[PDB]
Each structure stands twice: as C-alpha cells, then as structure tokens.
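Have a look below at one chain only, the form deposited in one PDB entry, in structure tokens format.
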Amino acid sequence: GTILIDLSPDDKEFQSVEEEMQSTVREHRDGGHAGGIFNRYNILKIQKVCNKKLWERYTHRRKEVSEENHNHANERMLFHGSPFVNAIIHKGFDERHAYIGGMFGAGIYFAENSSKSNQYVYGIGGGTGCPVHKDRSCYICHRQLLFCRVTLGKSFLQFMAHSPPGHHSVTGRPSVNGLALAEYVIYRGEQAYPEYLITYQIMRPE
C-alpha cells in the first residue's frame, strides 16, 4: 500500500532534499573506487514515499525510544544506500537482511554524507557496479538513494548483533586507522522511515 508523490523541482521540499544531497558530497579515500568519481549529481526525480502501515510502525517505535532516552527521539534525516531500495519503500526496512560482515555488525547503515551512501547502491564497496556496464563509476545508469527519518535514540559512539545495552543505535566515528566519515546503524527496521526516494546519476567532472 505504498504511494510515491512526484515532487516538482520548484517545490521548496524538493529543493531542500536536492540541496542536502548535493552539499553533503565529499572526496573519498578510495579515489571513487566504490562510488565513482564526481563532485555533483544529476537529480532526475525526488518522490515522497507514503505508507500508513510503515509510518505508524515507525512513530510507535519512536515513542518507545523517547521514553528510554529522556523524552528525546534523537531523530535525524540521513541518506541510505543498498541494492534493495525497491523492496524497502514497499515492505519497510528489515534487519533480517542485514550483512553480518559489516564493520558494526548486522545493522542497517545510514550516512549524513549522500556520497558515502552512494558507495553501497550496487552492493558492499559498490560490488560489481551497474548491471548493464559492470562499472562502479557509470555516469549513464540511473541510481536511487533513500533520504530517511531515522530514530537514533541513545547512540553508542564506537571506533555485534543488536544495540549495546541501554542504547538504541551506534554512531561510527573517524579513526586514523578506521572510518573517514560518520556512519549511523540501527538493529531494528522500525527505527527508520524511507521518506524520500531520489532518482539520480553521478555527473562526469570537467
């Protein structure tokens, strides 16, 4: 029972999500090996995802977390990348499909940097790239990120199967022998809602 509402490029709501995606782009340690080489996207479509079932199951979990974190949800708008976006918008985030070899264990990963989420769109480390050209830096094939409402609650700072005791999420941090950029991880699908579905291409520089 999911409905996509196509947003006009002249919508302030569109422009807000567009601005956030473009501005949160960073240079990457791997020289774009995983995500491709770019400093800007081609923003084709931004659609608002609408599902009462998935929305109600989010708000319900958000309430519980607030009561366990001094009446503060710790709600953040964050980008999500994965090969499973089409499923997520229909059946919601599902921890049961989490990759156990992840750096912070079997969780659903988010980022405050759109360019980081991009790296995971065609699998872990961009996998074998786009299906058509088998190219991680493909400027041709259309990509999809989710821009999600995420309840982080009491987030454990680090650098596993569920959140540490007393906590509701993990915030990964830049270590000289570790991460360059921030990660955010939940171990429960109901703690995130995919509010916006963004269709885009990475754009060739020069």
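Positions refer to the first chain, counted from 1. Throughout, rigid core stands for the largest set of C-alpha atoms superposing within 1.5 Å between the two forms. What changes on going to the form deposited in another entry:
- For the residues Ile43, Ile37, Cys138, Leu179, superposed on the rigid core between the two forms, a C-alpha shift of 2 angstroms or more shows up only at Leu179.
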Contents of the next structure:
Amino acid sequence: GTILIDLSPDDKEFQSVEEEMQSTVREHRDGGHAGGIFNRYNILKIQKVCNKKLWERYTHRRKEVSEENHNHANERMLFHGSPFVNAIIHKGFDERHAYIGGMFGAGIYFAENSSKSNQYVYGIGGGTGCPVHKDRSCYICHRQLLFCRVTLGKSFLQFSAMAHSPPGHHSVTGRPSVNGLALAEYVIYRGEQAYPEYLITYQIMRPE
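What would the structure be for the form deposited in another entry, given that what you showed me was the form deposited in one PDB entry?
Below: the lone chain, stripped of partners and molecules.
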C-alpha cells in the first residue's frame, strides 16, 4: 500500500520541511545523553509517505474530531522518533507505538522539537544507541524521523516540570513550565489521529 516519493532538495516542500527540522533543535537537559550532542543535522533525504488507506483513516477520524470541537481538528505538524518507523509508514500508528511509561499516559507521543523526537530514534532514552556502534551520539549512522500530521482536537492542557484521552478531550498537551526554551509535546490515544506524512533521513552533526 505505501509508496515513498523522494523530494528534490530544490523543491520548496523539501526546504520547508528541512527548515522545520533545523530550526526546532534545542539543548537538552541530559547534556546529549539520549540523543547525542549537536546543534544541527545533515539532511540526507526527505520522502513523502503516500498511503491511501492510512490517509483516509486519518481524514475520517479528523472530521469526527472536528465536529466535536467547533469544527476545529486542531491539526499540527509534529515530529516522531522511533526504532519502528518502517512499521509506522506501512501499517500506520497503533497501540504498539504507545509509550506505556509516559508522563501524560499510555498514548502516542509527538514533539514540536525535532531534537526531542531525536532522543527516541534508537528507543526510549536513546536505547543502546546506533545498532552498528552502540553509540547514542553516533555522527556516522543514518537516522530517520517522521514529520506527521496530527489531529489534536480539544487538547487537555497539562503544565509540566493504550489509555484513553481525558473525558471530553482528544489529546493531551504537555507544555513545559520550567524550561522556557522547550516546546510542547502532545499525546494521542488513537493511531488514526496521526498520518506519518514525511520520512526524514539524516545525521546529527558534530559541533565545530
């Protein structure tokens, strides 16, 4: 079902997506432990993920959410890192991708900071790092993230230092209160509320 289309780096669509990736890198409180030490990425490839059944699953669910929230899907584009991106792009999101120990419950987590999603590319807390070098800060191996269309609907606002949504909500917003430089994180509880739109292949870059 899924087919992947290479975007040219001269295409505006590519550039828009790259810019969203580069401009939402921040520093992490773990000093780079989970995700590596870097200020920027080497973007190697960006692919559009095209799957009819998964798209229609998304848009059908989105209409439902919209109708339950003053005609407002509250659709965002957000990052998702995972060692199972190959399974997500082919079969879509489901409970297997839920973060069971998540601070805002057992749901599927997304980030506004590309660097936050980068922390989960090799598993929770970076796992054991890249398969080839067992290095969480590997500058050599290729990483992949997803840049997804996520339907948030009415989103429970949780300030902060597969389950169900809170009643009358379609998602949760984890908004950092302490780190003012940290962007929001969002959780959904149905896989049908995200479409994995772009697969981004990259390396983290070692700082000068």
